[PDB]
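All chains, please: the whole structure from these sequences, using the hints.
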Amino acid sequence: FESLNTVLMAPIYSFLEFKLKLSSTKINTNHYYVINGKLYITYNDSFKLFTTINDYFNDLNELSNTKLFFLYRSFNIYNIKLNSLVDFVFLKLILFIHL
Amino acid sequence: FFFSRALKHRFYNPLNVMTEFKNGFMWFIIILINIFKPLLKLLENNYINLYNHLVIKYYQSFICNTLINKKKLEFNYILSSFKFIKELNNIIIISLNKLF
Amino acid sequence: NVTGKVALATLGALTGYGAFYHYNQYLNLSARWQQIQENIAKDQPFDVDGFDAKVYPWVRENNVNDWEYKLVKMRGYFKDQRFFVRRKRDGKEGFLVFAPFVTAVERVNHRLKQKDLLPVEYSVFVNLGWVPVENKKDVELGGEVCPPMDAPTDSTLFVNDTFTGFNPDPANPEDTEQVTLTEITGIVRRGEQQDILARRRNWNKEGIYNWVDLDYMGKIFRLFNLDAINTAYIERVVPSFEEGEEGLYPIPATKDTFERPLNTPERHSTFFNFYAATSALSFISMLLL
Amino acid sequence: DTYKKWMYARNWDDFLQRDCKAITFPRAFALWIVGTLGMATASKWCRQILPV
Amino acid sequence: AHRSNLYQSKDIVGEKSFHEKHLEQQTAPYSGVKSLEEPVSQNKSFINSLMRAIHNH
Amino acid sequence: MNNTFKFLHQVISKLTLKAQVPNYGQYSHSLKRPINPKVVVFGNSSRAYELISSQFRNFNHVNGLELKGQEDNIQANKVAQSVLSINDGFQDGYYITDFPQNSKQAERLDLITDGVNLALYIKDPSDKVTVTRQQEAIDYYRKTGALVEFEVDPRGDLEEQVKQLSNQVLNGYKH
Amino acid sequence: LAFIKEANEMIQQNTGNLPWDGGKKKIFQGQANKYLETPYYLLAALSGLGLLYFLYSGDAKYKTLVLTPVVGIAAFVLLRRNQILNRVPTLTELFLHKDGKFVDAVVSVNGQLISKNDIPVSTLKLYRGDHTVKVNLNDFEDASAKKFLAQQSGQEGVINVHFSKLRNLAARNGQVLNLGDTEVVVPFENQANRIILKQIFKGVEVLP
Amino acid sequence: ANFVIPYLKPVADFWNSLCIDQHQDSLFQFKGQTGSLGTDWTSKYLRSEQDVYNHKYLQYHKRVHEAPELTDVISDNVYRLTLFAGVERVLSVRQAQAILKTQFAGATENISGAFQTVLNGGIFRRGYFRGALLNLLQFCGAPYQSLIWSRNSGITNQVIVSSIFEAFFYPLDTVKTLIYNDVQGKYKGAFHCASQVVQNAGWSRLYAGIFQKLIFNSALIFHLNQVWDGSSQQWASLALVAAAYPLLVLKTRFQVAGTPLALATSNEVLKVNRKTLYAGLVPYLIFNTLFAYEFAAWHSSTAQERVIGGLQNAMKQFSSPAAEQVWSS
Amino acid sequence: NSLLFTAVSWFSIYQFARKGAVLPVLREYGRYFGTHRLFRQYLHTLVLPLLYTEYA
Amino acid sequence: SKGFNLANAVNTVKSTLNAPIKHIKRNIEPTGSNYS
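Residue numbers (the authors' numbering), protein chains in the order written: chain c3, 100 to 198; chain y7, 354 to 453; chain d, 112 to 400; chain n, 54 to 105; chain k, 175 to 231; chain p, 1 to 175; chain b, 264 to 471; chain m3, 2 to 330; chain l, 112 to 167; chain vb, 63 to 98.
Because the hints were derived from the structure by calculation, they are not lab data.
For every residue, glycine included, the Cβ atom is placed at its ideal position computed from N, Cα and C.
Some hints could be false.
To be verified - With a Cα cut of at most 25 Å, we get these calculated BS3-like pairs of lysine-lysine:
1. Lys184 (chain k) / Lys174 (chain p)
2. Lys68 (chain p) / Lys78 (chain p)
3. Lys116 (chain d) / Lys199 (chain d)
4. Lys104 (chain p) / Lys166 (chain c3)
5. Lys439 (chain y7) / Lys397 (chain b)
6. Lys184 (chain d) / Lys316 (chain d)
7. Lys184 (chain k) / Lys180 (chain c3)
8. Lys324 (chain b) / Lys58 (chain n)
9. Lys163 (chain p) / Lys123 (chain p)
10. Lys208 (chain k) / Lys130 (chain l)
11. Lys166 (chain c3) / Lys64 (chain vb)
12. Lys104 (chain p) / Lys174 (chain p)
13. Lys190 (chain k) / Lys84 (chain vb)
14. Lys180 (chain c3) / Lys6 (chain p)
15. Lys123 (chain p) / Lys143 (chain p)
16. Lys436 (chain y7) / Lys324 (chain b)
Stated by the list, open to error - If we take Cβ atoms under 10 Å as the criterion, some of the chain m3 residues that face chain k in the derived model are:
17. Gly107
18. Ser113
19. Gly114
20. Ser329
Structure (structure tokens):
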């Protein structure tokens with residue numbers, strides 16, 4: 100029943116979001132805080148140091164890169180069964196040659 | 354197509370021809386013996402591997418019987434075609450030694 | 112444990128569905144077969160002469176389903192070539208014997224004296240019958256299937272028919288149009304299809320045939336109406352006592368001896384029993400685990 | 054022809070009988086001398102290349 | 175050590191692969207038409223609001 | 001490994017390495033960065049602080065100077081708990097200052113955190129305190145191989161120094 | 264946020280900060296290796312049946328009669344090797360008590376997770392080097408097996424086999440750890456609290 | 002001709018069969034006559050060119066008026082199951098992408114990201130063709146069995162039979178979806194995945210989005226019938242499917258939920274951002290418009306008449322354009 | 112041809128304006144109604160090709 | 063996320079048409095050899 104409700108209301112929700120974007124402007128100026136003597140911009144539940152627009156874009160790109168490759172960078176280090184097999188086979192052949 | 358090369362080793366001499374035939378046959382036989390000789394060592398290694406498998410299976414069965422508080426080694430797993438492998442290897446080596 | 116339970120559940124569900132499907136097919140085929148036997152027992156054959164003998168009603172309407180297992184009494188003459196298909200009848204190894212049956216001819220040559228053209232022959236395959244394996248050589252090339260029709264009493268019938276182009280004149284003044292017509296009564300049977308699992312697979316190059324491939328039969332016998340031949344064939348039926356004891360082959364078929372279809376109620380019952388037993392055993396084993 | 058054979062010699066003897074036309078005993082013996090020289094040369098080559 | 179370095183030289187940055195380059199290009203935020211967000215009264219029209227809604231999301 | 005089986009060995013090893021790190025050839029650059037970059041920074045000067053701020057703008061600072069005088073194991077445990085989490089902003093990189101100053105503390109921290117991803121010694125002649133307080137830690141990290149030494153002229157192009165430090169830090173990370 | 268929580272838990276587990284639940288701290292987590300047995304058994308049986316059929320009906324090529332025994336013997340060797348490897352007793356988890364003088368072990372014996380309770384820490388010892396397996400031939404009730412083991416080994420009664428000879432199959436992916444009475448294999452690909460694990464593996468009780 | 006040709010000629014013959022009109026070639030394999038005119042090369046070619054449309058009509062008639070044959074159905078949708086079978090996995094991943102941790106594995110949150118997620122595993126068993134065999138088995142399940150028990154029925158009976166058989170075969174769909182959405186190779190086959198799901202979640206877990214699948218299947222059947230008819234309201238049916246599309250997305254997300262594959266639990270499936278309810282709308286519509294299901298049995302009278310009329314025009318091709326209208330003929 | 116040109120122009124204008132780039136052909140805000148340059152560019156690319164098609 | 067973008071596509075096309083420039087220039091480069 101809830102899924103039927105969500106499906107029926109899905110186009111209406113998209114239209115309402117479009118109407119909200121049409122009726123609203125993306126300027127709130129509630130984000131820039133001058134804590135002591137350095138700029139700060141609203142960032143999740145906290146602040147983020149702000150000095151330059153290019154620096155902010157680079158920070159966003161770095162955060163995106165981190166959250167995009169986080170799972171790749173956590174590969175199983177000890178998943179070396181195949182490499183161990185290859186090294187063992189080659190060293191076994193070399194041992195046979197030495198003998 | 355055969356005169357010149359045979360002329361290099363003086364194969365117009367029947368004594369040289371006979372000696373070369375004997376040497377070539379001995380070369381072929383020794384090559385075949387070298388190729389097919391490591392089979393005996395492979396059979397001995399099979400015996401050694403069977404012994405190692407028996408020891409490892411005994412060790413694993415002992416550890417398993419130490420885990421669960423029982424004392425009855427699974428000799429069905431410990432042997433696990435030991436008789437068949439031993440008999441096959443024994444008859445193979447006996448036949449090979451009987452042939453030569 | 113859990114993997115075994117899942118496998119048993121899947122096997123039981125699939126086999127139960129198969130058993131249900133085969134039971135329903137068994138019921139439908141039993142009803143269809145009793146209807147077919149009731150219709151055949153009436154023995155009221157649709158006559159095949161005239162325009163229906165040139166283009167067959169089942170071919171014309173593409174409704175062989177509505178024409179299958181319906182007795183037709185066709186008139187025409189047979190060809191010499193015979194075709195053998197491996198088949199068992201009453202548990203005995205044998206060959207179904209088919210032969211082209213020219214039901215109509217068309218003469219399109221207007222230069223009659225200058226050129227002697229081959230008439231365009233409209234033919235259908237007639238299942239002449241069944242002969243045991245040991246007597247396959249006993250089948251004769253060009254042998255008479257049955258005595259020809261008697262000479263018509265009406266003198267206006269001794270001309271070429273408008274549709275079939277046949278003249279039933281024993282002494283035709285034109286020696287190039289003499290034809291010995293013959294009347295055969297038989298049921299209409301649809302062509303078979305390849306099913307390897309049923310062991311009906313034919314190696315055309317090697318000359319081994321297990322299912323009725325009407326397309327290949329027409330192509331090899333160089334017949335004209337290839338599509339009409341592929342539509343269906345006629346299984347000749349004789350009024351009981353096909354051949355009780357004689358050296359007469361192929362043995363014709365009767366209302367109680369004609370060739371059964373591959374999809375039989377007995378076969379579907381065997382499939383249903385096997386699937387039901389498998390499903391019950393799988394469910395019992397799943398319960399035990 | 055389906056290119057299953059190129060020389061059409063069923064066996065070496067046929068070769069020596071037909072392609073070499075060693076119909077007579079002098080021809081057979083001359084070919085045997087040639088084969089002896091070839092075998093000696095081949096054995097010498099095998100001993101030189103693999104001196105075991 | 176070579177497998178840990180993925181069979182490429184340590185202390186060499188290297189060039190990003192196409193995928194990485196693509197992921198460096200697709201993850202960048204889209205900078206919409208800035209002028210449509212200005213407090214200019216001409217942006218309060220329905221047409222300008224529609225343009226801002228469809229071009230800036 | 002003899003000189004003739006080396007080619008086959010390297011080809012088969014390159015093929016089989018994709019079983020552990022799939023498509024590693026297409027992500028070799030990105031995999032230069034670890035999941036949770038823990039960096040221990042040595043250096044106390046104006047240029048050192050500027051380079052730390054430039055390079056670690058997206059990193060979180062841990063002030064080991066706050067943990068001074070306490071037990072070595074307690075300080076290492078506190079630093080480890082500080083550097084073994086991910087913020088709600090998906091910030092996983094931490095850099096630690098004025099820590100550990102002792103080889104024993106560095107070893108304890110590495111054991112608890114499964115090692116530090118990087119140790120960065122910014123050698124600036126204008127800095128005098130570091131060599132008098134963190135020399136044992138610097139030597140320990142040099143021995144363990146996690147130490148990267150960036151020699152900074154106290155004067156020069158800040159952008160050039162930033163680029164060089166970025167390249168060295170990217171190359172010096174440890175998984 | 265869900266992935267952030269998942270990644271925090273993964274980082275804690277990798278570093279060894281496993282959950283603390285009522286005086287039972289998970290201080291070890293290991294994974295056992297599984298090797299195929301059924302496909303190799305089926306391949307060996309199929310090769311044997313093929314050889315039997317080709318002997319019954321002489322219509323097999325020389326190359327087929329050469330390859331089939333080779334494939335069958337290779338499959339049989341792999342089957343035996345994997346049967347030995349799978350049934351290796353591998354330690355999977357170890358829980359330290361709040362007292363610190365006892366541990367609880369979970370051992371994988373090819374699928375049957377066995378639990379050993381209240382193992383004293385002083386009875387634990389990790390074998391850095393290879394040890395000697397003591398096989399009591401008197402345990403065997405087979406005269407042929409006794410003779411084979413007394414011929415392959417120079418000993419007569421309780422033979423001693425150095426674990427270097429058995430390390431290819433008995434323990435190739437871990438260290439042999441004595442649990443007082445058992446000798447389990449601690450895997451190399453294991454997640455554990457390093458300090459506590461090092462302390463206990465030396466036989467030293469960790470203070471509460 | 003003794004070692005290479007015996008193993009090369011079959012390949013060339015298969016190529017020729019795929020490239021030459023076999024039936025026509027068969028007509029040319031029998032040269033001569035047996036007493037009937039019209040069996041020469043010219044007549045056989047003349048009948049052969051019309052035989053293409055004749056055989057298309059005969060195949061359609063067999064599919065409509067006879068019991069369906071699985072192979073025939075597979076021949077109607079060969080590209081959906083053989084060449085583009087991985088597009089099913091791409092669409093499933095895209096639908097479930099909102100709750101899967103694929104955006105953290107170098108994949109964007111769009112169709113390109115779904116493609117890279119599928120293609121990073123290769124082009125085989127663990128990659129593009131992962132679960133292709135399961136998809137083929139599923140096609141031989143609910144759709145094929147629905148085509149048998151409701152051969153020439155109307156849309157209502159088609160929907161009823163298909164819903165019954167999809168509810169009967171839904172666990173296979175759940176297993177296939179789970180095999181589609183795991184990128185770490187955590188499930189080593191359909192049976193392994195099903196066993197893990199049953200032992201860790203229960204038998205009821207295999208029916209996560211059954212009702213959503215049933216309703217979307219009803220909508221899809223209506224759209225397919227309209228497309229087969231070609232009533233020009235097929236675009237209205239496409240709009241109906243697009244409106245009912247989030248049911249398929251919800252089914253996919255419910256199937257991969259409360260599992261290590263996904264980051265969200267079953268309840269959290271309904272708390273996802275509504276903007277993600279149309280995850281694979283355009284790719285799914287394009288794929289099901291180009292490679293639409295071809296269930297010739299389920300064709301209505303309008304669709305049959307349209308197909309036969311097209312074939313009849315194709316037959317109308319065969320005539321002489323400059324044929325003289327003659328008084329006597 | 113006119114519809115394809117209009118589609119290409121609309122697609123290009125939308126995709127470039129999504130990244131800030133707007134072709135400065137017309138004034139930023141028109142007279143009278145004050146419509147935006149983007150809207151007037153869309154209108155011109157929709158209308159003028161039709162006018163040229165009709166002219167030819 | 064957002065998918066296709068024509069500005070990015072044009073940048074990729076320019077990069078593709080610019081990549082083989084260096085190799086063509088190197089081929090047309092005059093070397094230090096003077097084959098008198």
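Verification of the supplied hints:
Taking the CA atoms of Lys184 (chain k) and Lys174 (chain p), the gap is about 11 Å. The hint holds against a cut of 25 Å. Note on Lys68 (chain p) and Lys78 (chain p): the hinted pairing holds, with a Cα-Cα distance of about 12 Å set against a maximum of 25 Å. Between the alpha carbons of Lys116 (chain d) and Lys199 (chain d) the distance comes to roughly 43 Å, so the proposed pair goes past 25 Å and is violated. Restraint check: the Cα-Cα separation between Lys104 (chain p) and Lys166 (chain c3) comes to about 34 Å, which exceeds 25 Å; the hinted pair is violated.
Between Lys439 (chain y7) and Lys397 (chain b) the CA atoms are separated by roughly 23 Å; this keeps the pair inside 25 Å, and the hint holds. For the suggested pair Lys184 (chain d) and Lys316 (chain d), the alpha carbons sit about 35 Å apart, so the restraint of at most 25 Å is broken. The straight-line distance between the Cα atoms of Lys184 (chain k) and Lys180 (chain c3) is roughly 24 Å, inside the 25 Å bound, and the hint therefore holds. In summary, the hint linking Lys324 (chain b) to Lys58 (chain n) is supported, as the alpha carbons are separated by about 22 Å, within the 25 Å threshold.
Taking the CA atoms of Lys163 (chain p) and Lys123 (chain p), the gap is about 16 Å. The hint holds against a cut of 25 Å. A threshold of 25 Å between alpha carbons decides the hint, and for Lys208 (chain k) with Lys130 (chain l) the separation of about 10 Å falls inside it, so the pair holds. Between the alpha carbons of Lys166 (chain c3) and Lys64 (chain vb) the distance comes to roughly 17 Å, so the proposed pair stays at or under 25 Å and holds. Taking the CA atoms of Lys104 (chain p) and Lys174 (chain p), the gap is about 21 Å. The hint holds against a cut of 25 Å.
With a C-alpha separation of about 19 Å, the suggested pair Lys190 (chain k) and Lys84 (chain vb) falls inside the 25 Å cut-off, and the hint holds. For the proposed pair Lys180 (chain c3) and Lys6 (chain p), the alpha carbon gap of about 20 Å is at most 25 Å, so the pair holds. This hinted pair checks out: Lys123 (chain p) and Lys143 (chain p) have alpha carbons roughly 17 Å apart, not beyond 25 Å. For the proposed pair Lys436 (chain y7) and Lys324 (chain b), the alpha carbon gap of about 31 Å is over 25 Å, so the pair is violated.
Interface restraint check for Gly107 (chain m3): the shortest CB-CB distance to chain k comes to about 6 Å, inside 10 Å, so the restraint holds. Given the 10 Å rule on beta carbons, the hint for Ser113 (chain m3) holds: about 7 Å separates it from the nearest Cβ of chain k. Annotation: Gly114 (chain m3) was flagged as interfacial toward chain k, and the flag holds, the nearest CB pair being 9 Å apart, inside 10 Å. At a threshold of 10 Å, the smallest CB-CB gap from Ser329 (chain m3) to chain k is about 72 Å, leaving the interface hint violated.
The structure does not agree with the numbered hints 3, 4, 6, 16 and 20 stated previously, though it agrees with the rest.
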